[PDB]
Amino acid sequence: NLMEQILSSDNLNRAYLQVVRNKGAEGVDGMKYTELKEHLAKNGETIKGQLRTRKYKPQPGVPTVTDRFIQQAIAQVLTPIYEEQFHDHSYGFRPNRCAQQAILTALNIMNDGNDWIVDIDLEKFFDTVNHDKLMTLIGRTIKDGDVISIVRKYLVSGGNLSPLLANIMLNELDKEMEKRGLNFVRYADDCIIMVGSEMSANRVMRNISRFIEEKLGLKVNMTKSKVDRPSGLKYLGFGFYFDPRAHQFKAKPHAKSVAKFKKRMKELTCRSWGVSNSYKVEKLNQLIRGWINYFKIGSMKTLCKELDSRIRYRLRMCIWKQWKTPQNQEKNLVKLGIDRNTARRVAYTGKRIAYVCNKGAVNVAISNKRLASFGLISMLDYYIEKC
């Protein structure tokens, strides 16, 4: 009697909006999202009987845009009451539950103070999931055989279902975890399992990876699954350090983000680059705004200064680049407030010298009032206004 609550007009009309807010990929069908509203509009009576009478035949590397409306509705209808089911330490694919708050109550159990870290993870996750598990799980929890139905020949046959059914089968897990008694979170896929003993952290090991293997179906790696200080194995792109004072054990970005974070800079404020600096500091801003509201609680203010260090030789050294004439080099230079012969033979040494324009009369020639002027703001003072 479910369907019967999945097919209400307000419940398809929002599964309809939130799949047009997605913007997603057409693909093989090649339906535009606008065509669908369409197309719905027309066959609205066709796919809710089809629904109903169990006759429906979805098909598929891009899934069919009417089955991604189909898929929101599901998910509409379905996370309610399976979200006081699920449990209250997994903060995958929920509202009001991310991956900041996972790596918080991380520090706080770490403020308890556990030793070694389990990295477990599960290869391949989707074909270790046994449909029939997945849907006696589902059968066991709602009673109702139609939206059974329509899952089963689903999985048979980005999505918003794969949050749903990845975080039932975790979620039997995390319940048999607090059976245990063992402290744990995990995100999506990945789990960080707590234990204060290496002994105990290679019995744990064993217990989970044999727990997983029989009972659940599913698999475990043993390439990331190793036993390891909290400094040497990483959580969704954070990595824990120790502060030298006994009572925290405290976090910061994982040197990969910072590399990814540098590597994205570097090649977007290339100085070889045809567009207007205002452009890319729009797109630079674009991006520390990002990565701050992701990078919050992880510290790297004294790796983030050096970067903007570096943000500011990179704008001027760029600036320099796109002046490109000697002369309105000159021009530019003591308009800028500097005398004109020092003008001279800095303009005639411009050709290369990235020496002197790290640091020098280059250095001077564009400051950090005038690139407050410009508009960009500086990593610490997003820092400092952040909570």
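Return one more block: the form deposited in another entry, after the form deposited in one PDB entry shown previously.
Here we give the lone chain, stripped of any partners or molecules.
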């Protein structure tokens, strides 16, 4: 019956729509995602019969569009009921779940008083699992042998099937967390487990590693998995800290995520980048919206204002280098309100770009108000608006 639910016209159309919304690469067949509608209209009976009589290929990284499409169909039918059996503190590749929820729940549990963190990471996941125990776990849940044959055929050969099957594999780890009596959140093969004591956390860590290497079959990494205080814990891009009052543990953008944002911002504000500065401002704005929307549940106000000053400095260097020329620099400085003596003095200091864009007449002519009216969004103001 579950292959009849896979091979039902609504599900096939939704898998097609999700594939053409993804707009992924073609694969080994080379077929376009725009070609998928024609090939469905000309092989609907062929695809459905080749799947129902178990003769289908899983042709083998990017999957082929027909392979990714059938993977989508099985994933849309198997993300429910598996989602019904899942735990509450699992947040990765699930509907209505994200990293923000994980950080909120981790903060609430640490604020209960579970200071010591057990970091457990699963290493090289779909390589490490054997297919038979995974697929008899799926068989414990799914009773239709056609689904078992097609899913195993996809495993012996990313797309939405793979994180679902991974979350099925790690739901046993979550189940034994609930059985053991432990507080945790898990996104997707990265889980932090929160207990109260160092002896407790070491014992929990070794018991978990023994469980995963024995019962689950996966092998955990000795390098990435560790025990740590929340000051030393990163999780889904978030660092952590303790507020000086004891009321809250509070989320912090980790230094790696801050460095990622700074790298993308320094790319988007290159001086020699030949696009117009309105385009750089627009791309910078979109990057700022994405990063602030990810980290608005963290505490980064000093970081936001320092990054604002950095962005404005780099944009002033961009504008000054686009003027390029001492008469052009003097003309625009006089236009923006600098007197001609200071404007000529600064404009014939056009080389030393960083120095003159740091201070003085360039800071007055290219002001924060004028950059705001130019189109630049402050990190601080958008951050205060978001939370």
